[PDB]
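J.: What follows is the residue order along each chain.
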Amino acid sequence: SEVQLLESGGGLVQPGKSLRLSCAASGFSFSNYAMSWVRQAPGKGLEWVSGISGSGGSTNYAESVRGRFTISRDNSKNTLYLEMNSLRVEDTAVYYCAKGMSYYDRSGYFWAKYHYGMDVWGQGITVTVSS
Amino acid sequence: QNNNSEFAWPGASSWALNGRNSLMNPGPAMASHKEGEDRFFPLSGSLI
Amino acid sequence: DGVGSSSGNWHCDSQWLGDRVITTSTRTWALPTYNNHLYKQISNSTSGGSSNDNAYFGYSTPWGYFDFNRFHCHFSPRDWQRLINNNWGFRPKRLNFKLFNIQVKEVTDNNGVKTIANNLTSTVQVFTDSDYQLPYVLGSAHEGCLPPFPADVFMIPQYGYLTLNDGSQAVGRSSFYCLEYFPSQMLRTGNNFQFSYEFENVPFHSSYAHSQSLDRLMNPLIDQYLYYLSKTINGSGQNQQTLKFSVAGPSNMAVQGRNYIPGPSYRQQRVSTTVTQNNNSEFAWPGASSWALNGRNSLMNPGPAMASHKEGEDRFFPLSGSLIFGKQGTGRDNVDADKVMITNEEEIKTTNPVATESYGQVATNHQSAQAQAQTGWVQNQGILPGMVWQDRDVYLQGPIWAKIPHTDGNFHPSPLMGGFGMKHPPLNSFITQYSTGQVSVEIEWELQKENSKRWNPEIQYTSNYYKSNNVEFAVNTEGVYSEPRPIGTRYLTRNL
Amino acid sequence: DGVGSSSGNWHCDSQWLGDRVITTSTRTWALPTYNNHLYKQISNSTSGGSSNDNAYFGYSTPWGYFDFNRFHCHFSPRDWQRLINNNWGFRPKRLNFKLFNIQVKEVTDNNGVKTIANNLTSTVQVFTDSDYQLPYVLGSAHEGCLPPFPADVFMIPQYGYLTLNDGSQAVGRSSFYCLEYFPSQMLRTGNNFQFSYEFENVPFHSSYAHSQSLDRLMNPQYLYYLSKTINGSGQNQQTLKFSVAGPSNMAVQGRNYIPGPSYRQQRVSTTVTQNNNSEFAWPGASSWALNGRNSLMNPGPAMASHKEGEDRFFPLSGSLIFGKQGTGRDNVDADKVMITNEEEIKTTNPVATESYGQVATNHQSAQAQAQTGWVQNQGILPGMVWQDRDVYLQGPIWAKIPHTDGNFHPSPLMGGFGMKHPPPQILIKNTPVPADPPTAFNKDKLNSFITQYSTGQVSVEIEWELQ
Amino acid sequence: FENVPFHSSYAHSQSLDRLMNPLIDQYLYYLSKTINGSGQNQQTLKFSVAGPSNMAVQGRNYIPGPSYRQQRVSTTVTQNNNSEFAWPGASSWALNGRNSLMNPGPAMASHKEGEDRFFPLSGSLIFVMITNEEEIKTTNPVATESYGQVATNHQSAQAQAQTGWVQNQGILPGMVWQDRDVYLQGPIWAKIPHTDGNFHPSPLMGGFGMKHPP
Amino acid sequence: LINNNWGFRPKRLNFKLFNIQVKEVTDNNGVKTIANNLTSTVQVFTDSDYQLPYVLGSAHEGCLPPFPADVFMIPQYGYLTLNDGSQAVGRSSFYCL
Amino acid sequence: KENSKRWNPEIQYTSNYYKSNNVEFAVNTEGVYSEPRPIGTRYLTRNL
Amino acid sequence: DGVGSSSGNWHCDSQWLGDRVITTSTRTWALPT
Amino acid sequence: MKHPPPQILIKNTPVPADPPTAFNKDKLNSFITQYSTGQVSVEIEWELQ
Amino acid sequence: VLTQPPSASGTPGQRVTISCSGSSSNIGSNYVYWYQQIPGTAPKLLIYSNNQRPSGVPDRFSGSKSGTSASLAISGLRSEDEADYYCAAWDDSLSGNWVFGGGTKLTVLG
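Protein chains in written order, with the entry's author numbering: chain A, 19 to 149; chain B, 495 to 542; chain C, 219 to 644, 667 to 736; chain D, 219 to 438, 442 to 688; chain E, 417 to 543, 558 to 644; chain F, 301 to 397; chain G, 689 to 736; chain H, 219 to 251; chain I, 640 to 688; chain J, 23 to 132.
You may find that some hints are simply not true.
Heads up, incomplete: computed chain H residues facing chain D, CB under 10 Å, no partners named [to be verified]:
1) 220
2) 223
3) 224
4) 227
5) 228
6) 232
7) 236
8) 242
9) 244
10) 246
Please keep in mind that the hints were generated in silico from the structure rather than gathered at the bench. Beta carbons are placed, not taken as given, at the ideal position from N, Cα and C, and that holds for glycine.
Okay, chain A solo, but in the shape it has when bound:
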């Protein structure tokens, strides 16, 4: 298992409060893959919240999390960051850090169709939003 993704910043947060999640990537060239965050609610199926391009220029978000969440990455530090604002009880889930399998670069363009497929995941960090 050469590729390795770690998540930190998980915790218990009261509703309305905002917390920040981080993922440390190693074992691959980070800026050449588009990362994404997928959340799994307890006893529920996987749900894709947001993805970011390798350069960081373009980001996508699920409608449920749009405008409250913001995804960013620091290519120099090989980190994927997910900042969540105006949290609610509906957000309690286990958040995963998923790496985009397709590899691309500056010669080409970022294609959301092709580059969001995720070959490897992360252990995930449980996030709880309760009063």
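Following the hints, position chains B, C, D, E, F, G, H, I and J against chain A.
T.: Showing chains B, C, D, E, F, G, H, I and J alone in chain A's frame:
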């Protein structure tokens, strides 16, 4: 994010010769996109 | 010549011509007065000497020394990139050294105010050892070398040496060397010093990684005429012993006869970057691989050249088998793993065994009707006829040469930390005083061009495309120059 | 020159002059089209894989290659017999290689009843790799060499090469070599091809058995040894006594040289009832591990096959095993194969199935008895002397020394002459002649080709030096 | 006489592991601590500069020569085990089934510094007069001591790190060693056997190895 | 080229055409046999006065393959001249090679 | 030739190192030689 | 020149010398009517 | 101009203050306050039409 | 969303098929990926780019897409093959989203 209409030829930059419109492909050398943009490309701007 | 006349100029550029590289580096130095002009015996008992492995005895001298022995002294990160991507090998040919623009200062401290003024009549003593009669401390990976960035002003390190000892005490065979007993040249502010050195013949360091592996040298489409013992029993039952033979071929590639075997191994304990995977105990020293000399146990660091880890296992590193470099501003003691840069020798796995793995297995007994065939693990394997191996890689931060110790015998004298091994490498009341000046060293390098017929593109060392707060290998806002990563020389590939 | 003229004669004789021997071999080769003129990726998954140690990645080429890596190519049984009896050593000097009488045939098959006819305008591409830029596959004891019998016609093997892999996949450091990307010479049926090669200096193979044994080199000393540590039975009888090393006890004498390295092999009996009733072919075998893959240590360090007086025991992988003429491929019996042994080298070398010796494993004291342990494998030590592995009429001649920062005793383990620049690989293929084009332009590469193959003669001359 | 190296009649004033400058640090690092302290789940990785305070952990370019361990015998008889261990407890090499004592064998220091009573069993030339090779300790491991330690396994959360004693070590790249000293009563030359290969042909009882001697 | 250099440009050009083989396709009763025609010729010329229309600058298909082991089909030469609709005009040119 | 005095290392076209079913710019298992991406000519830099 | 005499050899390689690069490319072609 | 009159770059060579008596690997941040003065003469030949 | 049956059942050595129905925007015009997840563990990729599969995945797992529906078939079903299966594909509509199916829990009977 694109317009929901067929604009490949209608919205294309072109030049006219002897009453015939030819597409401006590739045309004058210009930057494809601004720095920090990876999701946009000129319609007839670069070789494919 | 004169006080108002410059004795030299600033030379600091690299020229690439043909199959040769000439690199010139000039720095500004400052030399204080060490030991208050005295020789002082030093020993371990002065520091308490609570350990026998750490016992030492020697002397400390007022003299300083110039050390250019690290690569980044002579190469910029750009010139180092130009070297490693375009070449299969390099090696030093000639050396030139110059010392000029000597400026000797006096510091007079009256009351609580200090004043600095030029003392023009003062001199500076300098001599080089071309007979190698002094203890040679330059091949021990020490500090005090010229700074990688040219604008930096650096301090000359103090010179000292060690000799024989028993505990903290000396012995009758311990030697004492006075650096005043060597004829030297004295320079005022108008005098300059120079000499030229010639490197003895050394093999090209191989800046490449093999594209084939030692076991896969076979032709995948054809069988081998030799046979191997495929089956020793018909099937399940009693008295089923039998001998059967099969052709070794593309089907089973592990059993083919091979002309050469992988290099030697001396096994290391395996540590993972993920700490929860390590055992909850203090195993740094106790579980280390060591060698005992005269009763003292020295850690086997780095030791023989071996692949740091198996393919697909980046997290694991040999306990003392790798060179570890500090990032800029790293603390001297107990820093985290993100404060250090752990280099790996992953490229040499094709010819070398993994450092954390056994060499192989041997037969431990004689198989018989009443005894099963037993095997055992080879933890360390010395040289065997037919081995092939790779040396340790050189880095931009790493050392260049080392002195081969003068002994009756040695095997593959190339130094274990990397680089080129060579038998001849490159009245108690006084005035508070110090000197400063300029030093220019010029080394001529020979190259070996890449001849490969490989069709598809090579791996290259490239700078990162993305935006960052700081340009890598440059100064920050506060002015500190830093090198982000350790850069190996092995990118291009060859056939095995 | 021309179709109506021959480009070379039949040369097949060996001449002995002084200490120099010249051998001339000439054969008739049959070369087909391979891979339908395609480079194909081959890997672990193509052959079905499923074994970790057997995973590989590489490429198969449309090109063929010429190999003369066995002595019986160059030596008749008599010439080989004249060699070993009267000479202490031999080694090659020069290599001459000719390719002539090239023929090319086209195969037209329509509803069976196939027909073969001369295609006169076809060419046959051939080149030597004298810069050693391609992978060298000739050091792996492969099949496809010129047959020992000059009247046999043989099939030229297909050339392929393996590169780096992780499992069945390929790492980005894997290399892909195109043999079409090498300048080569194109021969019609009247053209001929030749080149010369010079063997670099190599030592003479030692074709002899030592009369004396490493331990018995003495004359039947002024040195002493410790004979007795006690006077007799009782308490507090410890003592130190010394006696002269002399003809009476020859084991304790001081000696200047010690036997060579050892890596123990498992011992197998030719009488199966004396063997253990279990499957130990693989589990009981000596291996070396590289990048997590285990490879059998065959043949490995040159060692004596068995101790004096033992004929039914042979090391598991420590020998070269040749098959008899017409031997089956899978699970053939022991009398279907020929197991070679190296009894001659025992004088200087330890037995492959025996330990090298014993070492002290502790410190003795009043409370502790002196303990020893068996040395299963022993690396090089100053003072070691050893013999290399013998060469056989069926065995390989030379091998290529891999290009590395270091090596020790580069002589190859299967035997023969190690060389940094061995005789070059000679690559050959039939120039593809496509079928009728579609008559309307198509950018695709042409996939339709006339079934075709070539044949001709090969003559190899090697000059030897005798001691 | 054919060209042979000068026999080196001198004792090194420096030791193989002390070749460093005592006043300056190394820019290299080592692993100082694998745990924060006593307790559960205290695993951590800490690194420290290798420097004059701890000289054992510094990186080095060369390592001592090969070793084949000889049994250790004390000149005070009561200290020795009360049994006959002359032959059964001695290092040997077997050839064609015949066992021969490994005498003298690989050049090694006869004893550690400050320990004169002990002497290697078969490792010294005995004329009685028992010679020693104290001078060669600077580059040569002691005959009666192990070469070093080697990791015998992989550590994990379950398994703690284990090591084992290397009793004998063949040649490794980076080794340097001294040959055996020559004596007034000792031999001068020795014929090199005629073989396919040999390593460091210098004979083990001392003197000049020669392929064409007198 | 691209990693080591700030610029490049072509200087000389050399083009060789050789190993000519003329195959005649014999199709008799549905089965086809291909034999050599030894007396056939293949006409070749180059236009060094630039008299013919130049079709090599439109980035057309049919070029030599990237990979040395590929066998390529030669593209068919045709050109264009002045037109009005699908008609010709009095100024249009016709060329017989 | 490149005469640049730039101190830091330049961007270079490199073959990525990771496991894959094929190597780029080579043949696959069927004998088809593909080119996975366009390679521009502009990597090294100059002053304006 | 002759029916059984080849009219040219196979040249493919790229030798780089000094400030110049010489590239040589050889292929196989088929021309239909 | 493609090759205009070249840039003329000038600085004062840093003169370090007194270094400590015990070695430290950090670069020297203590310098003597310093400046230089002098003369410059530039001569251009102009062609008239 | 991509619709999947809540549970699927099989016997060892028997082929089992899991399928997801989708709209034109996702399954119809985009590649479909298959993820196998065992509770308390991060998901694993079984099939990507409709029928392709990553190395380290057994030959029995086969996936195909026809029209707007994708089917994952398992042959030689094993006890270790019992887990939850997620079907994923890129969705062009509603601003562009990666959509996971509802999940299917395969139970190995016997």
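J.: Which earlier hints can't be squared with this structure?
T.: As far as the earlier hints go, only 7 is violated by this structure.
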